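Number of protein chains: 2
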Amino acid sequence: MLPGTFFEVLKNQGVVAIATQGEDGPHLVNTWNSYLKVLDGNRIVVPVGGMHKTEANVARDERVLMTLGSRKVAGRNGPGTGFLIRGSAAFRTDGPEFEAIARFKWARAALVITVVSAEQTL
Amino acid sequence: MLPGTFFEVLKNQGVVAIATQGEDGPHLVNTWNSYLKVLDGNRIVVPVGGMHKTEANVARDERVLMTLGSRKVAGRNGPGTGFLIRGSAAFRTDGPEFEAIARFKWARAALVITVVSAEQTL
Ligand SMILES: Cc1cc2nc3c(=O)[nH]c(=O)nc-3n(C[C@H](O)[C@H](O)[C@H](O)COP(=O)(O)O)c2cc1C
Ligand SMILES: Cc1cc2nc3c(=O)[nH]c(=O)nc-3n(C[C@H](O)[C@H](O)[C@H](O)COP(=O)(O)O)c2cc1C
Ligand SMILES: [Cl-]
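Protein sequence lines, in the order shown, are assigned to chains A and B.
So the first sequence is numbered by the entry's author numbering: it starts at 1 and just counts up by one.
So the second sequence is numbered by the entry's author numbering: it starts at 1 and just counts up by one.
It cannot be assumed that every hint is accurate.
To give an idea of the chain B side of the interface with chain A (calculated C-beta under 8 Å), a few residues [unchecked claim]:
| hint | residue |
| --- | --- |
| 1 | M1 |
| 2 | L2 |
| 3 | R71 |
| 4 | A74 |
EDC-like, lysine to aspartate or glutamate: derived pairs with alpha carbons at most 20 Å apart [unchecked claim]:
| hint | chain 1 | residue 1 | chain 2 | residue 2 |
| --- | --- | --- | --- | --- |
| 5 | A | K53 | A | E8 |
| 6 | A | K53 | B | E8 |
| 7 | B | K37 | B | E8 |
| 8 | A | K11 | A | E55 |
| 9 | B | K53 | B | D24 |
| 10 | B | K53 | A | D40 |
If you're looking for bench data, these hints aren't it; they were derived computationally from the structure.
By construction, the Cβ of each residue, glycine as well, lies at the ideal position given by its N, Cα and C atoms.
Input sequences plus hints: build the corresponding full structure.
Here's what the structure looks like:
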């Protein structure tokens with residue numbers, strides 16, 4: 001699901017954005033490109049410190065959107081690229097998906113996104 | 001209302017994320033930190049090339065969320081910071097707000113976000 005160009009983006013610094021559906025509208029939170037931990041089976045894991053509203057939204061609708069990119073990776077027509085990722089989210093407080101990000105001692109949980117599509121949008 | 005730290009973030013490159021309300025969950029698109037043009041009266045202007053789905057969503061619900069940040073600007077507790085912006089969106093195709101981003105020759109419109117709140121979230 002995730003292409004080589006996406007892993008090239010992860011070699012670079014940047015702000016990741018994660019959109020969820022709440023009752024009254026969307027919500028949008030962040031992590032860092034360098035915090036994402038990618039596992040076998042199309043999983044992207046995010047260390048969770050806050051994300052309380054995000055977690056409440058995921059209870060309502062597990063489908064999330066994620067974007068990220070880097071000016072330092074070539075897109076189709078010039079320097080810079082990024083991705084729109086769609087997948088389903090789950091929060092883990094133990095087990096190997098949590099252990100994947102447990103080095104971040106501030107993390108109360110792991111946000112595990114199982115990717116269904118990844119589109120290079122530039 | 002946009003604070004000095006937000007302008008410091010804009011001096012550095014990054015991926016901006018813009019969330020809208022779709023008919024079956026959120027939608028999420030991007031621009032670059034360096035593409036934003038900030039005008040008086042709390043207006044952030046984004047050059048629009050694509051964003052057809054985003055635009056359709058805004059026509060139904062003008063409320064948007066925007067995030068952006070930079071590893072290179074100090075947050076409250078370490079290097080790196082970013083912002084959650086909440087505001088209302090409009091798409092302009094003539095006049096001063098369109099002219100503000102018209103140097104981008106690929107632009108079909110200007111996405112004008114009138115900021116209601118800005119939160120430094122790190
Ligand atoms: C650049 C950036 C990186 C962030 N990294 C994380 C992170 O890795 N984990 C996290 O829980 N919150 C992180 N935050 C804060 C979240 O975006 C969010 O504000 C916080 O978790 C509260 O989430 P909620 O609004 O869903 O309750 C980061 C914020 C910024 C601006
Ligand atoms: C880092 C990055 C920057 C982008 N900059 C713009 C931009 O300035 N204007 C634009 O219309 N689309 C830009 N795009 C593409 C949009 O994110 C989006 O994929 C495209 O406009 C289609 O929008 P829609 O899904 O609302 O139809 C950028 C994409 C990335 C990854
Ligand atoms: Cl990073």
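For A:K53 and A:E8, compute the direct alpha-carbon distance and say whether it is at most 20 Å.
Between A:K53 and A:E8 the Cα gap is close to 30 Å, so the pair fails against 20 Å, i.e. violated.
Below or equal to 20 Å on CA atoms is what counts here, so check B:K37 against B:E8.
holds, 14 Å
The hint names B:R71 as touching chain A; please verify it with the least Cβ-Cβ distance against 8 Å.
It holds, given that the least Cβ distance between B:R71 and chain A is near 5 Å, below 8 Å.
Go through the hint on B:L2 and say holds or violated, using the shortest Cβ distance to chain A against 8 Å.
violated, 17 Å
Under the criterion that the straight-line Cα-Cα distance not exceed 20 Å, is the pair A:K11, A:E55 satisfied?
violated, 27 Å
Are A:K53 and B:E8 close enough, with their CA atoms no more than 20 Å apart?
violated, 27 Å
Holds or violated: is the Cβ of B:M1 closer than 8 Å to a Cβ in chain A?
Given a least distance of 18 Å, the restraint on B:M1 is violated.
Has the given pair, B:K53 with B:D24, been kept, meaning a C-alpha gap of at most 20 Å?
holds, 12 Å
Taking only the CA atoms, is the gap from B:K53 to A:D40 under or equal to 20 Å?
violated, 32 Å
Hint B:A74 vs chain A: min CB-CB distance below 8 Å?
violated, 15 Å
Of the numbered hints stated above, those contradicted by the structure are hints 1, 2, 4, 5, 6, 8 and 10, listed in ascending order.
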